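Undergrad: Given only the sequences and the hints, what does the whole structure look like? Please build it.
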Amino acid sequence: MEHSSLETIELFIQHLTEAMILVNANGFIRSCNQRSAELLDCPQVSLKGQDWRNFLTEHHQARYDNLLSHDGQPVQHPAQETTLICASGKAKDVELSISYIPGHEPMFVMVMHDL
Amino acid sequence: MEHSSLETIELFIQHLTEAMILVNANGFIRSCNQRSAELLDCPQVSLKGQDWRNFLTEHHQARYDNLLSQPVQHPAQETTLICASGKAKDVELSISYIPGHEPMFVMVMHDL
Numbered sequence: 009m010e011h012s013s014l015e016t017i018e019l020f021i022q023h024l025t026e027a028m029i030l031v032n033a034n035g036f037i038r039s040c041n042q043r044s045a046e047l048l049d050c051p052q053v054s055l056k057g058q059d060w061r062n063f064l065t066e067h068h069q070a071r072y073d074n075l076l077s078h079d080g081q082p083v084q085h086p087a088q089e090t091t092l093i094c095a096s097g098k099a100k101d102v103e104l105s106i107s108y109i110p111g112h113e114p115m116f117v118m119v120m121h122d123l
Numbered sequence: 168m169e170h171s172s173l174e175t176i177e178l179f180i181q182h183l184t185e186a187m188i189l190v191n192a193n194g195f196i197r198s199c200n201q202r203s204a205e206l207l208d209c210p211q212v213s214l215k216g217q218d219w220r221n222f223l224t225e226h227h228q229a230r231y232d233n234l235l236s237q238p239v240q241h242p243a244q245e246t247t248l249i250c251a252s253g254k255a256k257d258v259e260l261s262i263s264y265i266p267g268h269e270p271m272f273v274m275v276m277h278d279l
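Sequence order for the protein chains is P and U. Going letter by letter, the first sequence gives residues 9 to 123 in my numbering. Going letter by letter, the second sequence gives residues 168 to 279 in my numbering.
No wet-lab data here; the hints were simulated from the structure. Do not take every clue at face value.
What the hints assert, rightly or not - Negatives, chain U to chain P, calculated, CB over 10 Å:
#1 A192
#2 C209
#3 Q211
#4 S213
#5 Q228
#6 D232
#7 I249
#8 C250
#9 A255
Stated by the list, open to error - A few chain P residues that don't get close to chain U, going by computed Cβ distances all over 12 Å:
#10 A33
#11 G57
#12 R71
#13 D73
#14 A95
To be verified - Okay, the calculated beta carbon distance ranges per label pair:
#15 U:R220 / P:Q88: 28 to 34 Å
#16 P:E89 / U:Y231: 28 to 34 Å
#17 U:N233 / P:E15: 28 to 34 Å
#18 P:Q81 / U:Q211: 20 to 26 Å
#19 P:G80 / U:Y231: 41 to 47 Å
#20 U:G216 / P:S54: 41 to 47 Å
Heads up, the beta-carbon is just placed ideally off N, CA and C, and yes, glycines get one too.
TA: Here's what the structure looks like:
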């Protein structure tokens with residue numbers, strides 16, 4: 009899985025009726041879908057490039073200081089209650105899961121289920 | 168998508184901590200991940216190849232009998248599944264349609 013696989017995955021996510029974003033090791037959004045744009049209340053063009061930590065509450069923010077080192081190992085966990093914060097200040101309670109995809113350019117996949 | 172991409176997507180699915188399966192137009196599981204095997208009480212190696220209808224309630228939505236016939240697709244909605252163990256489990260199932268000469272369908276199951 010390299011730069012070519014990335015495109016494949018990015019396109020794949022576009023078809024999914026699940027809200028999800030692709031994030032790099034530094035925590036910045038590399039790719040997303042229309043569902044995540046609606047959930048996070050932000051257009052895809054403006055969503056990519058953003059630090060995903062921008063949508064987390066201050067508490068959960070510290071929870072994800074570094075994606076490559078858990079609160080020593082790269083973070084990943086099945087869905088769990090999390091509160092998201094939109095630029096408008098609107099807070100949505102969701103179920104967040106994080107997946108880790110190792111590689112020279114490690115990616116993290118966030119699937120957020122709106123509650 | 169093309170066969171070439173199938174490998175990539177499949178490997179991608181196997182890494183996620185969300186239960187999801189990739190099924191073909193005929194309704195047969197083409198790919199799955201350990202999370203789905205856990206949720207469905209079925210060994211991962213046995214999931215592939217089955218008719219996904221085997222995990223649906225007897226009197227299920229007729230729509231699920233023909234995915235390609237607009238094709239079946241919808242966000243996560245409450246659904247009761249029957250695990251291989253025979254036990255029922257309420258989940259929020261979402262179905263996504265992937266166009267192509269060989270159309271695919273991907274299901275994501277969230278266990279409440």
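Undergrad: Check each numbered hint from earlier against the structure, then list the numbers of those it violates in ascending order.
TA: Of the numbered hints given earlier, the structure breaks none, since each of them holds.
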